Amino acid sequence: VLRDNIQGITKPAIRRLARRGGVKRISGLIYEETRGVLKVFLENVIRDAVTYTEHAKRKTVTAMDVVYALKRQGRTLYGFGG
Amino acid sequence: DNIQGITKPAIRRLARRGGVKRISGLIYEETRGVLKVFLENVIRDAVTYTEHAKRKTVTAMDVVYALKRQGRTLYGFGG
Amino acid sequence: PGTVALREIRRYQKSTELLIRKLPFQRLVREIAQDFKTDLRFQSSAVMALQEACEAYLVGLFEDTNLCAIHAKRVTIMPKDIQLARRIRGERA
Amino acid sequence: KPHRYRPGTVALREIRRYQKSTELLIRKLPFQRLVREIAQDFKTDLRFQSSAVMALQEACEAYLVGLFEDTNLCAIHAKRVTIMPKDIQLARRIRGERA
Amino acid sequence: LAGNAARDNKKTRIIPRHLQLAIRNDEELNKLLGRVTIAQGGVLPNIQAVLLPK
DNA sequence: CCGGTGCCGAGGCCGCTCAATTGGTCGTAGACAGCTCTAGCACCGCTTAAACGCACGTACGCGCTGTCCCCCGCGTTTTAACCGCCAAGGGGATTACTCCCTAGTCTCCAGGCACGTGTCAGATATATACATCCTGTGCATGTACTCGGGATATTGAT
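Protein chains in written order, with the authors' numbering: chain J, 21 to 102; chain N, 24 to 102; chain I, 43 to 135; chain M, 37 to 135; chain K, 65 to 118.
Since the hints were made in silico from the structure, they are not lab data.
Hints may be right or wrong, so weigh each one.
Pulled a few chain M residues facing chain N out of the computed Cβ check, cut under 10 Å [claimed, not checked]:
1) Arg72
2) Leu92
3) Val101
4) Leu103
5) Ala111
6) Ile119
7) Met120
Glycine residues also receive a C-beta, built at the ideal position from the N, C-alpha and C atoms.
Required output: the full structure, derived from the provided sequences and hints.
Here is the structure:
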């Protein structure tokens, strides 16, 4: 079926993440909203990660690119290079 | 003792700029704490910058540099 | 009821794995990156780092959302809490 | 007999009056004395530039205004109009200062 | 934008208030200058909907 | 008529009986220690050369230091809309079950682009003579703050 992959983030996955966050009850309107938030985040990292791939005249996005993209947004990641 | 120099009407005015209608009467004593703490960090840097230049006067650029290192940038004072 | 949920709460706060299935996340990342430029190739470590960072972000978001919900004398979290958390943190308005 | 205003309209009057002007609120001398005593508590025999202390004053006022705006959002979230310290603690924690 | 704001204020000289208005009203400039504070520039007038009287 | 007393009903004690929890043992397999060059290569030793870093006076303003006056803070009063507590209706998120399905494993295949080296040439550091654009200083004047008085709202109490 022709379905958008944002719905590939299943409801049990969101429940698992919430339970790791420490929440007892989950309303039914979170499920569509959280995906939207998850979109926005990926719209502010991949966009940067592609630009570095532009500046190196490369065609494959490497882990260093995403680490640098996350570094400039005050969200530094450890253990994936750099 | 000078933290009491931040009178109650001054706190009311600062609250009124923020857009709040009613102020509790015990807010001030806690709010004076925040003014007490947020100000104890920039000075930590402001004197320290001053102490690097072998000088003992706090110029207007040291506070700008401190606020920049902390993440709050201000304009109009030689930034 | 109300105690099997706390069982999960305690279980997941100890284990440290990826709570999102890898293939749908890969498809999502590829589709999101398609618009910027067509015909891209992805390092596997890049995808893993993306998923790790996103999961950490979501966990922090839900922590703040739970604090917001507790503030209003509730136990259930609603979008009214997520919007407030995002607004006061600084990603919107 | 004297005309009395309802409790709350003077509040919005002050809101509108203060949200238009851009003068310094805290009296200059108490703020200067406070920063001087704090500095002496750290390092004695210090000299301050007037522009420096007025920049500290403006930074503090901007911080307080933002904090009170966040506090107002927190208070409205709890179906209230009066601000209590729990709102400030919640805002300060979500922003990521206190905790 | 600062000059447009100053004209809307019916004055021919730009002061920090006009710069603050121009930055805050425009979404992109506000996003760029999110973490900066304009000296003696104040804040935009804003009242929450629930705080209006009846 | 009222009261002693048997019969029955309920509350209190104690104890298993059984079903759910959690640390201990078995076991095997991919991955932390650990040479082994190697390899060439950064790091160290050993020289000088130049400049910036440092200290001494010394000129010169920008912070501390002393005196009058009201404007804002303090302190009181009453009173009222709001906070906090309580209670009931009902919807919906929870919990558990069966059924479907795509994640996960691994296997096989293969062509695209990361990645390094080798070549060479033009874009860029650098020195010197030229010169003009920006900057401190000085000064006219006008846009804007302030004071005063008359419009138009803008709320509260009958």
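We went through each hint and held it up to the structure:
no., hint, verdict
1, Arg72, "8 Å, holds"
2, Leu92, "6 Å, holds"
3, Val101, "5 Å, holds"
4, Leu103, "7 Å, holds"
5, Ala111, "7 Å, holds"
6, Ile119, "6 Å, holds"
7, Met120, "5 Å, holds"
Against the hints set out earlier in the document, no violation occurs for any number.
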